[PDB]
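Number of protein chains: 4
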Amino acid sequence: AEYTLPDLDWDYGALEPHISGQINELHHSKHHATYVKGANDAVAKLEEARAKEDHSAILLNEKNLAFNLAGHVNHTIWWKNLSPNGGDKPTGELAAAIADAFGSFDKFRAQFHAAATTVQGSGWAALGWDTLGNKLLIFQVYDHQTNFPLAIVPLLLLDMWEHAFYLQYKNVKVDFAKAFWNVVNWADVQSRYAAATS
Amino acid sequence: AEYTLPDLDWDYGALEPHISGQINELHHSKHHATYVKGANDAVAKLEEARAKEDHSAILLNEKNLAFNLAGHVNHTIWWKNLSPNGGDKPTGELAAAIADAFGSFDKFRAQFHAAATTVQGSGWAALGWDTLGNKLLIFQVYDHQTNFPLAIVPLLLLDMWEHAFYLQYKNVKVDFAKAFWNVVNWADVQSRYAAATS
Amino acid sequence: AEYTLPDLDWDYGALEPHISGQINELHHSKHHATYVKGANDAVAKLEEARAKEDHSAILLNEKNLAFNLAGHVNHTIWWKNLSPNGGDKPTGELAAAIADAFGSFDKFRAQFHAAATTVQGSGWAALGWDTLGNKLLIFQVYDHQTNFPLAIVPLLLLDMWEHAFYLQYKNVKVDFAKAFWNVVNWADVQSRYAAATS
Amino acid sequence: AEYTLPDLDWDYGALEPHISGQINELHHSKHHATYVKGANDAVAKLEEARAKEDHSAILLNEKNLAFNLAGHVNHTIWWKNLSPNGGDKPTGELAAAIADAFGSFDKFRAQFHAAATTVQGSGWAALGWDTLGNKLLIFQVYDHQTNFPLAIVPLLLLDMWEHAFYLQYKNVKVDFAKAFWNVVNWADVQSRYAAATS
Ligand SMILES: [Fe+3]
Ligand SMILES: [Fe+3]
Ligand SMILES: [Fe+3]
Ligand SMILES: [Fe+3]
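Chains as they are written, first to last, in PDB author numbering: chain A, 2 to 199; chain C, 2 to 199; chain B, 2 to 199; chain D, 2 to 199.
Which copy is meant is left open, because identical chains are indistinguishable; a pair holds if it fits in one copy or across any two.
Cut-off 25 Å, straight-line C-alpha distance, at most; resulting in silico cross-link-like pairs (SDA-like, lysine to any residue):
no.: 1; residue 1: 108; residue 2: 178
no.: 2; residue 1: 90; residue 2: 48
no.: 3; residue 1: 53; residue 2: 39
no.: 4; residue 1: 179; residue 2: 55
no.: 5; residue 1: 64; residue 2: 147
no.: 6; residue 1: 53; residue 2: 118
no.: 7; residue 1: 108; residue 2: 48
Since the hints were derived computationally from the structure, they do not count as laboratory data.
All chains should be built: construct the whole structure from the sequences, respecting the hints.
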């Protein structure tokens with residue numbers, strides 16, 4: 002069926018003071034909803050093109066599909082990766098997986114922090130699992146859909162688009178990237194990891 | 002372990018006359034091998050950065066990782082999607098899946114053909130499965146890693162980079178895009194689809 | 002010599018209420034300054050590479066050069082295109098140039114408004130002059146350096162990166178794109194145009 | 002008026018054996034002509050949108066305009082930068098300009114060679130003049146329109162898209178990048194430079 006805006010598992014102001022409730026409400030209710038609507042529209046426009054047998058706008062359609070679907074995919078994961086009862090460090094299989102792939106938790110954190118804070122434009126930092134070579138890798142994503150391979154399964158993501166922190170941290174993106182550690186939902190990341198290696 | 006260049010399941014000239022053996026040997030033995038080496042190098046450079054605690058080149062490293070890993074992922078699938086005993090049309094669950102998602106096999110073929118022939122630069126046409134909305138979608142990929150969402154599982158891909166057809170078809174990319182139908186390995190696409198919906 | 006942060010021709014709060022003084026001070030003193038420093042650094046890193054005869058980081062260097070130099074170029078023009086004693090409509094040669102290239106001033110405004118409000122990520126709307134075909138064209142620029150040809154001379158630009166309006170207009174980018182008309186410095190655009198056609 | 006395919010100042014096979022006549026004829030008569038037609042079409046589609054007051058396809062239109070106009074601009078310069086009576090080294094003001102901006106002619110050549118051979122996809126190496134900081138810089142351009150600032154004036158360009166060398170050099174792009182030095186038309190580069198600093 003249609004793409005739908007997911008409900009949050011917590012109240013908008015539940016992440017304060019790391020992420021303000023004013024940001025969570027605009028981010029959720031305005032930005033995310035838009036990508037949901039844009040993905041729904043792109044799918045519909047592609048159905049119409051097929052019906053009318055006219056693909057003169059294929060480049061635009063495939064671009065709208067990709068951009069909005071990725072916005073949609075990315076924020077859906079973001080809301081799940083976040084929690085009021087979060088923070089701390091990972092435990093168990095993930096904790097071992099991460100120390101083995103990055104050296105240590107701290108070494109993973111510094112690479113993820115550098116990937117998140119050096120984007121030249123809108124982007125995200127992403128922890129994903131490569132099915133091909135069976136490794137945990139960090140990716141720096143441009144906008145929502147560029148700079149990563151096909152078939153990677155996302156585990157943890159950090160939204161580095163300006164709207165994610167501007168009202169609260171203004172231009173100091175590093176402070177925002179550091180506060181994030183406090184609200185990560187490791188239960189969720191652990192779960193995704195289990196699925197990905199299954 | 003390391004990324005490795007896969008072996009082909011057929012002789013280089015087994016796809017003639019649709020794809021020449023001269024192209025398959027350069028494509029496999031030179032282009033693909035390079036991406037394999039580049040992915041192996043990027044992984045190694047990221048290990049070194051972690052060791053020396055220096056991420057001043059993070060943007061370059063994450064870009065090399067993404068580009069080569071995607072080149073690697075993309076060609077690995079390409080070789081499997083191809084066969085001497087191929088062509089014809091899909092059968093069974095896939096055949097029904099495709100008619101249901103695109104209208105008909107022919108309607109799917111025209112959209113894939115338009116996506117493949119309208120790239121403005123290097124790119125590919127890709128048939129993938131969206132886990133989020135549980136739909137089969139076509140994506141137009143730029144280079145190897147741009148213009149699609151995270152977590153999509155690739156089913157069929159058509160290499161539209163110039164090196165894929167230049168020696169044989171020269172600038173007539175449409176003739177190459179049409180000959181491709183003759184060598185598609187539907188057994189492989191079917192298999193990927195089963196896995197993806199499992 | 003070195004790239005330098007230009008001085009404004011007006012006080013930070015001189016554009017209120019269309020653009021808040023709080024935005025002008027962060028935008029100028031923090032964002033722009035950064036691009037100035039990044040361009041200065043890239044030029045220096047390229048000199049070092051030449052000296053040590055090592056271009057293993059050429060892709061990174063050319064990317065840093067391009068991104069920061071463009072950020073620098075773009076904001077430098079932005080500050081000049083803005084004025085407290087601005088707004089209204091163009092007059093003279095430009096006014097005729099624009100009606101001739103776009104139909105009418107209003108038709109130019111609607112295209113520029115659509116280009117500015119539909120970017121999928123960070124970007125700008127840009128009015129430039131094509132030396133090759135001697136025409137005035139509108140370009141939609143991605144980030145600071147993508148999606149336009151070489152040798153185009155920029156006349157008017159509208160900053161659509163989130164930091165340009167977020168604190169004041171939040172997600173309502175269209176209201177920001179509409180307020181801009183009130184502070185455009187047509188004297189400046191006219192001047193650039195004369196130079197470009199000279 | 003309309004964009005038009007320029008005539009060459011030499012016969013297609015005049016650059017042998019560095020660049021084959023078979024490549025020059027496909028490159029000129031097929032690839033370039035296409036960009037000319039695409040630019041002419043984009044300009045026309047934008048006029049229609051203005052007339053019908055409908056900019057629902059603005060993103061596509063501005064992308065087609067940019068891509069084809071840049072293809073057009075880039076190849077037009079390429080044909081001029083090439084000559085049968087070329088090669089050797091620059092002389093006079095340019096020769097001094099280049100040694101001053103890069104160290105030496107050889108140091109300029111190695112950077113340009115690295116920029117040309119490391120593109121990850123279609124691209125070009127470009128020698129341009131920055132009006133803002135009054136410096137000669139090298140840019141690595143992605144496709145035809147990305148990765149450089151507005152207002153730069155192009156002086157020398159090297160086409161690194163596969164179609165530029167594939168038939169002759171196959172995957173050995175470095176040999177092609179080295180043969181180019183033999184056919185550069187320094188008279189042309191000198192001329193552009195004079196204009197740019199005027
Ligand atoms: Fe966001
Ligand atoms: Fe290929
Ligand atoms: Fe800005
Ligand atoms: Fe070319």
